[PDB]
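Listed next as structure tokens is one chain, alone, in the form deposited in one PDB entry.
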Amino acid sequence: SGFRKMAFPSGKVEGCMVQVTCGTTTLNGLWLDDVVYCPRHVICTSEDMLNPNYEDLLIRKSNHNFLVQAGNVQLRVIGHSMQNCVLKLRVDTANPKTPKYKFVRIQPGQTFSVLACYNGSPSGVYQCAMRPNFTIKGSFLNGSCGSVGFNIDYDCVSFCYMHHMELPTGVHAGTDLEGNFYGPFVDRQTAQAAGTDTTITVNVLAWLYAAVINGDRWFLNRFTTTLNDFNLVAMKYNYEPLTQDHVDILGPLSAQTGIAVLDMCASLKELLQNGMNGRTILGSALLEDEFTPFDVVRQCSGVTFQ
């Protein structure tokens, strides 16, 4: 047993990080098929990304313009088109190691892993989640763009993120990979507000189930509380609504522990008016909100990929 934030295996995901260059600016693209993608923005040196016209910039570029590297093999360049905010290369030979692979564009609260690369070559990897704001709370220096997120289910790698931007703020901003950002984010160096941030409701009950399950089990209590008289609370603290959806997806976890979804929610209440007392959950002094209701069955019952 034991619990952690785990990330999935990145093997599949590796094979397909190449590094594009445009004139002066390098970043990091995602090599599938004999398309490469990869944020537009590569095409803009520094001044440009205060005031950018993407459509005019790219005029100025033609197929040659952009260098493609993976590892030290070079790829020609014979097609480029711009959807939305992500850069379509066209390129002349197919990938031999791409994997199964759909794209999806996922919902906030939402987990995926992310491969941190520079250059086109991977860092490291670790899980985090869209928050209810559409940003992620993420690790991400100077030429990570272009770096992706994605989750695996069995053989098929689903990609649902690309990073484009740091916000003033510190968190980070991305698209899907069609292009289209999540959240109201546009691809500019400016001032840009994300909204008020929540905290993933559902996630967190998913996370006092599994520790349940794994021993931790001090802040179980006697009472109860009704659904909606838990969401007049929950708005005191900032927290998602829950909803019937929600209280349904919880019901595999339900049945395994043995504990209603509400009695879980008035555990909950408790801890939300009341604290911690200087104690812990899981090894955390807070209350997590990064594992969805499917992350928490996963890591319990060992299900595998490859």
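Numbering follows the first chain given and starts at 1. Only the largest set of C-alpha atoms that superpose within 1.5 Å between the two forms is called the rigid core. First, how it differs from the form deposited in another entry.
- Only one entry in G215, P184, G79, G124 has its C-alpha moved by 2 angstroms or more between these two forms when the rigid core is superposed, and that entry is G215.
- Comparing the forms between these two forms on their rigid core, the Cα displacement of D56 stays under 2 Å.
- Put the two forms on the same core and the Cα of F159 is off by less than 2 Å between these two forms.
- In the core-superposed comparison between these two forms, the C-alpha atom of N228 has shifted by at least 2 angstroms.
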Given for the second form:
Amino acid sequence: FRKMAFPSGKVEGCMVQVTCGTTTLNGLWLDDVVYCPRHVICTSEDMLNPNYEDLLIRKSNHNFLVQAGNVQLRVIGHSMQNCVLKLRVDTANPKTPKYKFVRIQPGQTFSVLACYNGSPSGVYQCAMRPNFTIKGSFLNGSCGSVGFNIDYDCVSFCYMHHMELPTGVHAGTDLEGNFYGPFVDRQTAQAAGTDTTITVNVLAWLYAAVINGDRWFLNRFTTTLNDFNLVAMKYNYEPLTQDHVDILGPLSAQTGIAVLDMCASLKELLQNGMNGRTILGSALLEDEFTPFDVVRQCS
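Can you switch from the form deposited in one PDB entry and show the form deposited in another entry instead?
There are no partners or other molecules in what follows, just the one chain.
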């Protein structure tokens, strides 16, 4: 089982660069609007406690340099929506895919197209942690890189990159500019809160093991969802939601193992350990594969 990104071409055709003064970052060109992090309007010294409303008052359309490659797109309007800037340009992007803006939940995975100066550099899968950080690979100039899922040629944009935390993990917004987690776009000392293991994804991984014939851990017990959630939190595991139970439906139907029966198997794993045995060749339980990821890879 491997981390597989979505093909990135539909998003590559949407990446541009946005410069204000000497600060350049990336933007997302869809139809006639370019979306980018609002801190592009900041001077390096204005990043500690910026007054974005005041900094933007001093900006006009002609202060924004938007480029597809080296080709300038003329800006004809600007506005700020939460933590993102929306620059209306005079050209509709002919490579605009069918798309949606979606806000994802902790545990969901997405592909990141890492970009610098509007030029895509690499693509990789990330999972949103329960503390609303991601373990990205981002360098200076990566802001405005986006995360996405693709379903039947419709690109669902879910993440735009804004910052690195001192622990070296990353934080950002949805495409309406609302941060995931309790972070703000100021170059201040912020810290990721204590993280937890993504229970729904561990369960998805156990189903993947069962699908492939590795099922020693299937026990004879069951549990209630509430009883499981209370024990799981004693082990730094996330509690399950009703939505988690439902997204495990397909894998549960495929294997014939009830979701609550699998929870009881996981609970036993937590209370006694793996006892020197592996699952899918690994001694660690993997929590960055969603139920969709498991089915997507197997079909």
